[PDB]
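Residues per chain are reported as follows:
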Amino acid sequence: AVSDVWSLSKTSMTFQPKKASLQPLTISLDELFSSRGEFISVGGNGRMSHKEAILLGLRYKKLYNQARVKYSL
Amino acid sequence: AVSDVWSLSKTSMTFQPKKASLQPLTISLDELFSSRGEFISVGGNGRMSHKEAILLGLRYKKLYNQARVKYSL
Amino acid sequence: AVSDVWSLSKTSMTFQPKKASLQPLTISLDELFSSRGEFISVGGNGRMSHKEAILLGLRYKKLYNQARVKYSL
Amino acid sequence: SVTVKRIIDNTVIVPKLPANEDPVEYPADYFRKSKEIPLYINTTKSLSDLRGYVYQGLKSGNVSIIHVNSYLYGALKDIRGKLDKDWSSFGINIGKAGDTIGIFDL
Amino acid sequence: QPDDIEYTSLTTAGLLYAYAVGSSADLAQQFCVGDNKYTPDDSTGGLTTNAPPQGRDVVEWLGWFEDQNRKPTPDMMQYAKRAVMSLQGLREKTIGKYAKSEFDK
Amino acid sequence: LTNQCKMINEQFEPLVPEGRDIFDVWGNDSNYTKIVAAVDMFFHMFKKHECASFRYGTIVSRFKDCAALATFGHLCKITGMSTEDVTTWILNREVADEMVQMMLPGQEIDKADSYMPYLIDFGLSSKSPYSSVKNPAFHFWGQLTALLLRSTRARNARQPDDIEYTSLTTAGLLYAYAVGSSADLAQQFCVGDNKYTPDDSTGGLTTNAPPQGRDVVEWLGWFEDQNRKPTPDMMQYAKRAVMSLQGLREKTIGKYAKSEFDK
Amino acid sequence: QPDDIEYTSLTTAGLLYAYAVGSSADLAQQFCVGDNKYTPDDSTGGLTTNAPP
Amino acid sequence: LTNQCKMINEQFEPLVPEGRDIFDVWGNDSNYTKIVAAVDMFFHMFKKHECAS
Numbered sequence: 193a194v195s196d197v198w199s200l201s202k203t204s205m206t207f208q209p210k211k212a213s214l215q216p217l218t219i220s221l222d223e224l225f226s227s228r229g230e231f232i233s234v235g236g237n238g239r240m241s242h243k244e245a246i247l248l249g250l251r252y253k254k255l256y257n258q259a260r261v262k263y264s265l
Numbered sequence: 193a194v195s196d197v198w199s200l201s202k203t204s205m206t207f208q209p210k211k212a213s214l215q216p217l218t219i220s221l222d223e224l225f226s227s228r229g230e231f232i233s234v235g236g237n238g239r240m241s242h243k244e245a246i247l248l249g250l251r252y253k254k255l256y257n258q259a260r261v262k263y264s265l
Numbered sequence: 193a194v195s196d197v198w199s200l201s202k203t204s205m206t207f208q209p210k211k212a213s214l215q216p217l218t219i220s221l222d223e224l225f226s227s228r229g230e231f232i233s234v235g236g237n238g239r240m241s242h243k244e245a246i247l248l249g250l251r252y253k254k255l256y257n258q259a260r261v262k263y264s265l
Numbered sequence: 002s003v004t005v006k007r008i009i010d011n012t013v014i015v016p017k018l019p020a021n022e023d024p025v026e027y028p029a030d031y032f033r034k035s036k037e038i039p040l041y042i043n044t045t046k047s048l049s050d051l052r053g054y055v056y057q058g059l060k061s062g063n064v065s066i067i068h069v070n071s072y073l074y075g076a077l078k079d080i081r082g083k084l085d086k087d088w089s090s091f092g093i094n095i096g097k098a099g100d101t102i103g104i105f106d107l
Numbered sequence: 318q319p320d321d322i323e324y325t326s327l328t329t330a331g332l333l334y335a336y337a338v339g340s341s342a343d344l345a346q347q348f349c350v351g352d353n354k355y356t357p358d359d360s361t362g363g364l365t366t367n368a369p370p371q372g373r374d375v376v377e378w379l380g381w382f383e384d385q386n387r388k389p390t391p392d393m394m395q396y397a398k399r400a401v402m403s404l405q406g407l408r409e410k411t412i413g414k415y416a417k418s419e420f421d422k
Numbered sequence: 160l161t162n163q164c165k166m167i168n169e170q171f172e173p174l175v176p177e178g179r180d181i182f183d184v185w186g187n188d189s190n191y192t193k194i195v196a197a198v199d200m201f202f203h204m205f206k207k208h209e210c211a212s213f214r215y216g217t218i219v220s221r222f223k224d225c226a227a228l229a230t231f232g233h234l235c236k237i238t239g240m241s242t243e244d245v246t247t248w249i250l251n252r253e254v255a256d257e258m259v260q261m262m263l264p265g266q267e268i269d270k271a272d273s274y275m276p277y278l279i280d281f282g283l284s285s286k287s288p289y290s291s292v293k294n295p296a297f298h299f300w301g302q303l304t305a306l307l308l309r310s311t312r313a314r315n316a317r318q319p320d321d322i323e324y325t326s327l328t329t330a331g332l333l334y335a336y337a338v339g340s341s342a343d344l345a346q347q348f349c350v351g352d353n354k355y356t357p358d359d360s361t362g363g364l365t366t367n368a369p370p371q372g373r374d375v376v377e378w379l380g381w382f383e384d385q386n387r388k389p390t391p392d393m394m395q396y397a398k399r400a401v402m403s404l405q406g407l408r409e410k411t412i413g414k415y416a417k418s419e420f421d422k
Numbered sequence: 318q319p320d321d322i323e324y325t326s327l328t329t330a331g332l333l334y335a336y337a338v339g340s341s342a343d344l345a346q347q348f349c350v351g352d353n354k355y356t357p358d359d360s361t362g363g364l365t366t367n368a369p370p
Numbered sequence: 160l161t162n163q164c165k166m167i168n169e170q171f172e173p174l175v176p177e178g179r180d181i182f183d184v185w186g187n188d189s190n191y192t193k194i195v196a197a198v199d200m201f202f203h204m205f206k207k208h209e210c211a212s
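Chains as they are written, first to last, in the entry's author numbering: chain U, 193 to 265; chain L, 193 to 265; chain P, 193 to 265; chain D, 2 to 107; chain A, 318 to 422; chain R, 160 to 422; chain Y, 318 to 370; chain G, 160 to 212.
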């Protein structure tokens with residue numbers, strides 16, 4: 193209900209696999225984060241887009257670098 | 193919390209680093225302070241300029257001096 | 193909520209057995225969830241169908257590959 | 002970092018440690034000056050005489066290593082063991098199709 | 318235990334590679350009678366991970382470890398303990414004494 | 160004894176037990192501590208001579224009274240850090256003085272075969288500069304650090320008198336912390352695929368964590384944020400390192416760490 | 318331990334000077350390559366002022 | 160023993176234990192070791208040979 197990028201936290205992003213035994217990584221911003229306070233407490237802003245903001249959703253839970261090397265970021 | 197320069201508790205502050213070696217620290221007044229139990233506790237006025245009130249918050253995340261020989265403050 | 197399938201989901205699919213002496217597994221979306229204690233925490237999209245909502249939903253009592261070879265899931 | 006200085010007096014410093022080397026030696030290198038291994042063992046002290054000094058001297062201080070060196074050649078000296086394939090290592094040829102060989106054949 | 322080396326590093330390094338192996342066993346069917354298992358193509362995600370990588374691929378674990386702030390995790394720390402504790406009567410200056418006195422806490 | 164008698168076989172020789180009498184006092188001669196020093200220096204050139212076995216006893220003359228230079232090499236090898244990163248990581252006025260003293264140019268301390276190692280026995284010097292009593296702070300700091308880093312020999316190193324322990328100890332601890340808390344760790348070999356991670360570090364703002372690698376400057380800033388009093392995790396790392404240490408002898412930097420940190 | 322002196326007073330004074338030298342190591346950078354720390358403003362001015370000097 | 164006792168029963172022969180006294184500098188003899196290898200390398204080839212023991 194606040195910022196602006198937070199509206200699209202229901203809608204998902206999908207990253208395509210790097211290998212043959214893999215299916216795509218479908219992720220959403222509501223899922224990765226906790227609520228709202230968490231989003232700004234780890235350095236979220238309203239001045240963002242989706243891709244640049246959904247990678248900050250990846251990192252805080254500790255799985256950026258795994259995806260970075262298993263999917264197309 | 194009801195202050196004059198407090199409204200910007202969601203606004204971006206992009207600090208450009210050295211070159212392309214490291215990435216900008218997308219910072220705001222909400223990753224540094226909760227509500228009034230940290231900001232309205234140590235030199236917290238409404239006269240404070242945006243950058244002159246952010247720079248104080250660089251103590252909470254314990255990276256004021258850690259991020260001094262790094263970025264253009 | 194404004195989703196077509198979240199709470200209002202109580203349809204049991206007659207998944208035929210593989211062994212020549214068994215009875216079809218007919219499950220729904222409450223044997224595999226609770227309310228907002230699994231949909232929000234790990235996995236799930238609001239754009240999915242009836243199969244891929246129960247396919248990815250098939251993990252609560254800890255069975256997916258066990259029911260993969262014993263039924264045509 | 003070929004330049005470090007005391008950040009107050011601004012003079013240079015050249016951090017250095019004392020020398021150490023002891024570089025390795027690979028098995029192949031030896032087979033480049035010599036294609037043989039020098040075994041200095043033989044004494045003309047008559048085969049049988051040695052058999053008694055490696056026993057009676059095997060008490061304390063007696064039994065010289067020259068005694069056990071000469072005796073041990075003595076006994077093993079004989080030629081035995083049909084070569085059932087081939088033998089060659091490090092550009093050296095020991096056995097061929099079907100020689101016989103002995104321990105001493107080095 | 319060899320003198321003059323990168324202890325708090327070689328150790329961490331090994332703790333990882335040790336954790337990787339015994340954390341995921343090859344584990345796979347070998348003989349049958351008509352029927353068998355398989356799951357190469359059948360694997361899904363979408364924030365269901367937050368758990369160590371499957372198999373023993375180097376670059377994947379490395380990623381995972383980059384995720385863990387490059388410091389060993391409580392569990393991979395605990396793994397060590399269980400490994401080293403219950404050893405009895407160690408010789409002095411061995412890697413065994415090193416291991417126990419490092420991890421058994 | 161045995162190292163000389165290459166199968167000559169004797170028994171027991173020096174009868175009465177040592178009272179420094181018929182034993183130690185043999186090297187007060189300017190001309191004999193000279194002979195030890197020249198035998199060693201020569202047979203260092205080619206150790207493959209028939210008679211290289213001489214150094215079975217002349218070794219101790221090499222870097223006799225140069226333990227400080229010796230300590231330095233060990234820190235390097237323990238930290239795994241460069242020949243100068245360690246120098247940059249020095250954070251004490253009184254240890255940097257001694258450190259200038261050691262590294263003063265034109266002394267051939269880094270040349271293979273040289274007179275340098277024997278200056279005390281060779282009678283070149285009476286009071287050596289690279290001694291562990293004329294660099295008594297570098298010794299304590301280097302050793303405490305090496306120890307906190309899982310050193311096997313540091314445990315039994317002499318603790319100098321009349322130095323700035325307090326200042327010398329947090330400094331050692333912080334260093335130890337830095338090099339301990341985060342390691343090298345980069346993929347070294349591969350077949351087809353490998354981990355790329357060049358410009359990758361922080362997306363930001365979670366932080367509070369200690370710095371990435373071992374930049375002396377990053378750490379010094381971080382430490383400035385902890386109000387300059389060493390933090391729980393640091394104090395734990397040490398306790399962690401020095402507990403389980405047993406049978407320490409008195410006046411060692413080992414007994415020192417264990418008393419300073421295990422509580 | 319000396320005799321007939323003022324213990325409940327030299328010890329305080331001592332322990333204070335002890336706490337002081339204790340709580341404040343010199344700790345400042347001594348050698349560098351190109352960059353070094355300098356610890357500028359906000360070295361005291363930020364109302365942390367509760368901890369020791 | 161059990162080996163150095165193939166057919167004829169023979170007990171201990173040396174008196175003073177190792178302690179670098181009797182058969183110490185044998186392994187310093189660049190001829191005994193050099194023979195030792197010979198035996199071993201040879202028998203490693205004919206693992207089945209009679210005297211491989």
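Treat the hints with care, as some may be off.
What the hints assert, rightly or not - Residues of chain L placed beyond 10 Å of chain R at every Cβ, according to the derived structure: (1) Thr203; (2) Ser233; (3) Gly236; (4) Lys243; (5) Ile246; (6) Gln258; (7) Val261.
As the list claims (entries may be wrong) - Below 30 Å or equal to it, Euclidean Cα-Cα: the simulated DSS-like pairs (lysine-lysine) are: (8) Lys34/D with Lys422/R; (9) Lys202/P with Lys211/U; (10) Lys243/P with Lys210/P; (11) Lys253/U with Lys243/P; (12) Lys398/A with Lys398/R; (13) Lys17/D with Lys422/R; (14) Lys193/R with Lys286/R; (15) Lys206/G with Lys78/D; (16) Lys254/U with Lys262/L; (17) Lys86/D with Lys206/G; (18) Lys254/U with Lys254/L; (19) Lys410/A with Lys422/R; (20) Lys243/L with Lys286/R; (21) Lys165/R with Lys210/U; (22) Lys211/L with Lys78/D; (23) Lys206/R with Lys34/D.
As the list claims (entries may be wrong) - Computed far set for chain Y versus chain D, every beta-carbon distance over 10 Å: (24) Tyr334; (25) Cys349; (26) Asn353.
No lab work stands behind these hints, which were simulated from the structure alone.
Virtual Cβ for every residue (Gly too), placed ideally from N, Cα, C.
Against the structure, test the hints numbered earlier, and report the numbers of the ones violated in rising order.
-> 6, 7, 8, 9, 13, 20, 21, 22, 25, 26
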